[PDB]
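So this first bit is one chain, no partners, the form deposited in one PDB entry, shown in structure tokens.
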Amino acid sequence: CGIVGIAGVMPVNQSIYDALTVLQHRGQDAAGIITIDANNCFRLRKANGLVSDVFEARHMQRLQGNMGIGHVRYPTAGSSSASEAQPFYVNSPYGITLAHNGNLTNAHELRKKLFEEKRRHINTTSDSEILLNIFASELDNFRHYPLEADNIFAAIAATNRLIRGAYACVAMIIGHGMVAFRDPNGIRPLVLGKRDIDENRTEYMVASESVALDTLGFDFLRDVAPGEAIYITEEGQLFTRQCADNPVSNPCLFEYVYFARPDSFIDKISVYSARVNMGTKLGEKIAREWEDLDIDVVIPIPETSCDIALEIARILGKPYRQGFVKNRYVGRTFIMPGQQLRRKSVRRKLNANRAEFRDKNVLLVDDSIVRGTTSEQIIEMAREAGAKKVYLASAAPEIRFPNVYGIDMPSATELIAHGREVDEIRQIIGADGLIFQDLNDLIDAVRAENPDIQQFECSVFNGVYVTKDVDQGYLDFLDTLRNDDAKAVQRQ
């Protein structure tokens, strides 16, 4: 999911629309934009679909104001109903709207809490709504008008104590300003930037990824430190504060492997370089373990793996060819909701340039293998076009565990690598060879960019969840609810 916050001095609507467009790749299921207008009212527009379908001129005109927040959704909890599209809103205290990229591992627990203790009403099954509500009640502890930044920070500190999981949030509190914060583990991405308008008036903005800053002409300030909350007043005064007891930098690794745009710099790590470094480490592993292999061409599975593949072609000193033509009107299958929708998407998204495979042993390279969805079809395609032999290198290690921090992997059994050896997976997808990046490698691939990061968040790879609290019983519940069939039945 992508969230954007802009506490500016001019109409932010097109700028947010534009921001969500570059972040569109983080959520294609719905999009929402909420602004505050001159009459301190919230102007909202959210619905299922792409940013380009969701907002029409008619909406844009209604979306007035100079401060606003937006969100593109990739459903990881609840349902695919437009009622779970973000932002969310609570009319008190003050009027708060919030966008969240993450996932609360203790949502059910906080739910009992909210009704019985806090007296708030959660109408959807979205954990982001819960989040906004935990925040809301915490904030509801400071009655004297007005809320002080210390109070806001104090509320988020309290929230940090209650909630568990991963979250990059952005919110607006009417008559107050824009608030943004990052979980105590720095799991989900969030960067702060600014655009100095004129000598004395500076606009600020937070976003999941820096590309949004770039595309809008905002300067990079830095990443919102883990556990740190930011607070920009309606008057333009920036406030900051560590709101976690033991803040630590454990960035999501999948963000580098696949999620983020290559042109973003997450925690001082150019996703682009990390991905190139991934190409280096993987091509090195291939050279070392597949040194006998006869390869005629190195073909990337668009779009994510390309540079990774490009680097691998260079390392192996083999040619890099765009054997697969991507349909520019089909999105990312992986972040699509249903497996059948994704499974089919793969055949409508890619088509071989037959000449590139005929009488050729090709090495197909992809950023990662998750459900197996892509690799399965891709290889057949490669074959049908005359590939003599097809090997597959994965820029990411086998993915054997559920993601509970903002990526839809609730069912381990849905992952192809689950309970399977590399060789079995190879046999399933029908590749002559299949090789996986080594975790320790991938880690250096990323770390090389910022050694300060000691440990990443890579549960989907090693099952060690940083927030600690994630256990087998939770994972069980989670699968019972979010497995593909349970989801389908919910889709009626």
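Basically, rigid core = biggest C-alpha set you can superpose within 1.5 Å across the two forms. Residues that one form lacks are left out of the comparison. Positions refer to the first chain, counted from 1. First, how it differs from the form deposited in another entry.
In a rigid core superposition between the two forms, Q339 is the single residue of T124, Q242, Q339, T233 whose Cα is displaced by 2 Å or more. The rigid-core alignment places the CA of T202 less than 2 Å apart between the two forms. In a rigid-core overlay of the protein, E84 has its C-alpha displaced by at least 2 Å between the two forms. Remark: with the core as the superposition reference, the CA shift of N483 between the two forms reaches 2 Å or more. Listed in sequence order, the runs of at least 3 residues with C-alpha movement of 2 Å or more between the two forms, after fitting the core, are 79-84, 329-347, 479-492.
Provide the structure of the form deposited in another entry, given the form deposited in one PDB entry shown above.
Next comes a single chain, given without company.
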């Protein structure tokens, strides 16, 4: 998911829309924009679809105001495609809206406590609605009006003591302003930027990725620190405060592999440079372990891998060729009467340049392997195009465990690497050779750009969950949610 918040001095509707279009890769299922108008009321438009389809001129006209937040959703367990999108909203105390990228590992318990102690009903199964309700509940402990920055930060600090998981959040409180805060492990991405309008006016914005600041002409200030909260008043005054105990930087390593845009700088690391480094490490590993193999050409599987593969080919002294072309436009498959509904294909998303595989031993490079379904079909396509031996290299280590911090991953059972070694995975996908990046190599590739990061969030790779509250019982619970989400989406 992707978030954006703009505390401006002029209408923000078009700017939030624009920022969301460059964060569109973070989620294409739904989009939502909410602003605070001249009457101190929220105006909201959220619906399923790409940003360009969700917001029509008439919705834009309704989104009045100089402060607003936006969200693009990537479906996850509990927040299916059929469910209510973000931002969520509550009417007490004061009027609060919140957008979130992440996941709370103790959502179910929080929901119980919200109901039993506060009589606050949660209408969806989205942990973001729960997060908003905890925050609201903490903001409701004040008698004086309006709230001071100290009270807002105290409410966030109290919220941080109650919830667990990963979260980059942005919210607005009517009559007060905008708040942005990050989990105490710095797992989900969140940067802060500013735009000087004149001598006395400065606008502020926060976004999941720095590309949103770039596209709008905002100057990058810094990443929001792990545990930190930022509060910008209605009036344009900026406050910041550390709202967690023992904060530490454990950025999600997966953002760097393929999730984030290459032109973003997350926790001082260029995603692009980290990806080139991944190719360097993988090339070095292949040159060492596959020294005797006959490889005629290195072909990336579009699109994140093109540069990684370029670096591999360079390290290996082999030619790099565009053997696969990603179909920029993909359409749907229709369930028609009488007609047999045939095959689910990768041919719909990819085309093989026939001449580039013919009578060659090819080394294909992909960013990662999850279910292994696409790689299987891709290898088959390489063979149909006339390839002799087909080898596959993965820029990421084996993906064996589920992500419960905001990245949608299928359950452990559906991860081909779960409970399987490299050779068995290779035989299943039908490759002549398979090699994965070593985790310590991926770490060094990213860390080379910012040696200050000591440890990253690596759970999908090593099964070590930093919040220490993930056991099989929880993972099974998450699966039941997926099952319910499936029934709902099936229904639509």
